[PDB]
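A single chain, nothing else alongside it, follows as structure tokens in the form deposited without the ligand.
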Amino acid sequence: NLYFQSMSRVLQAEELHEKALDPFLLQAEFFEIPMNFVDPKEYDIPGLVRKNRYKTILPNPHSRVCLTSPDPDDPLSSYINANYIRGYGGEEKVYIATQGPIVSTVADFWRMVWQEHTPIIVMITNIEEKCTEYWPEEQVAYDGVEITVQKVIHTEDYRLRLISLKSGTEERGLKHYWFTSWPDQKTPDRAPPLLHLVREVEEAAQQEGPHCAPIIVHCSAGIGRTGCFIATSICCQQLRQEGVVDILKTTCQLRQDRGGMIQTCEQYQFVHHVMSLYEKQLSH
């Protein structure tokens, strides 16, 4: 309750199924949740306009990712439009929510990946787009790190790139999940593919072992789709642990970390469809 008083609505199975199908109650609830957007005038940095795809969608200062190499003291050099996001139960820095890289921010995004030892990127952008193609066909170096795409795995609903990051003696792997099945219509029947992504990614995160480095999630602005992904992930853990979901409270927690997470009412509803689905699957 740091930037606003968070809200709660604990759903057991039956209310979750019913809630997901009550759009009047969903909007009533949704449009009461504080957006917690940042005043653009918060950042007074020459050159900053080139670093943001949208002038009004900015990282909240208190949780922004600051790029400490090569000049932690230069506002511009240290800036990226990204926030650390708490996961389930408030675990610090489970995800990073960020905008889709733009031409002038590609090198910055990789700086972030390296700084953070990020093992997994989730990119949620249709093939028809917006977002810049920030990874190489095969290989490229930025700022002393060699990005090598080692393999492209095509699945029904995403393409998985296995990437090598090299600098010095040292070397790390990265999984890059490009999700291409994001619906224009957020109807129940378009929920299974996002569910499958969430599950594939939480498994992969588990496989990283104790204290996983931050998972980078991005769509155009880093709030709408990005927020849907992350809330769904959190609520999957909550349902499995607690036998209930609290998407209201999860959304609130998300918006404390980064303003506008889950941007639309149709997105909010979609998280409910997905979680209704999962609960049904989990009962078998």
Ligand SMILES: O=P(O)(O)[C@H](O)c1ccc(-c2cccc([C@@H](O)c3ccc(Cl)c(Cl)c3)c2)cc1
Given for the second form:
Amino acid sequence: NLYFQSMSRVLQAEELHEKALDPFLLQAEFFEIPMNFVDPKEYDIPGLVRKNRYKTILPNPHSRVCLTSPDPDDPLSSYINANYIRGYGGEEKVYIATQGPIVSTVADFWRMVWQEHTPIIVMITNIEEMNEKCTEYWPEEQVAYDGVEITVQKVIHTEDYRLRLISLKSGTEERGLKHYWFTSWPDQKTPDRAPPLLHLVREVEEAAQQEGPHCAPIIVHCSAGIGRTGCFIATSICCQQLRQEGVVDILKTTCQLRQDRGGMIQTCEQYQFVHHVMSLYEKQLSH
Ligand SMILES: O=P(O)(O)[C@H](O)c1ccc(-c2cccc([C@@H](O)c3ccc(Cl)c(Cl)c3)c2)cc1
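Following the display of the form deposited without the ligand, present the structure of the form solved in complex with the ligand.
Zooming out: every chain and molecule, the one shown earlier first.
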């Protein structure tokens, strides 16, 4: 309740099932959630226009990811359109929500990856949306940006994603990175389109567990880094909530998301989709 009054609607199984199929209650609830967008005039940085895909979708200042290398005192060099996102139970920095890199922000995105020790990237962009919704920021094989050698070591093709196993080398230190490019994001967010997003959420949460204690932030991106990104993150949080608590609170999870980054879960169709995803998971867990 720091940036706005949070809301909550704790759903047990039966109500969750019905709620996902009630678009009139969904839209009534959704359009009461504050967007918590940033006034664009909050950022008065010469050259900032080149860093943002959309002039009105800006990172909230309190949770903004600051690029501290090579100059933390230069407002432009330290800027990236990204925010630290709290996970389940308010765990700090479980994710980073960011826009899909553009030509002028490819090297900045890798600076963020390196600064944050990011082990996993979740890219929610369809094949046909390249390169207008996301610039291809990974190399075909190898590339070096600001002293970091980025190498794509393997491309694992699945039905709903392309997984790239990447190496990051600077000086003597070498780190691994998992890049999950999800290619099945639906235009029509019907229940039959919920299984590929659920599989991705479950794959990524098992991969984040395999990193061991205090997993570094997981980077999630789509075009503006709010809509599809908000859905992925809300689904991931509620999946942990349902297993731990036996209930889901998409409403309170959406409020938690909007407090960290304005516009997280941009549309009502996305809001309803998260309910289709959680209702399905609940049925699957029941067995
Ligand atoms: O969620 P948003 O961003 O607010 C918006 O609703 C939206 C906008 C565009 C798409 C999209 C883009 C390219 C191809 C396909 C399309 O060919 C397609 C690709 C994969 C699947 Cl799974 C489907 Cl069902 C359809 C769809 C999807 C969702």
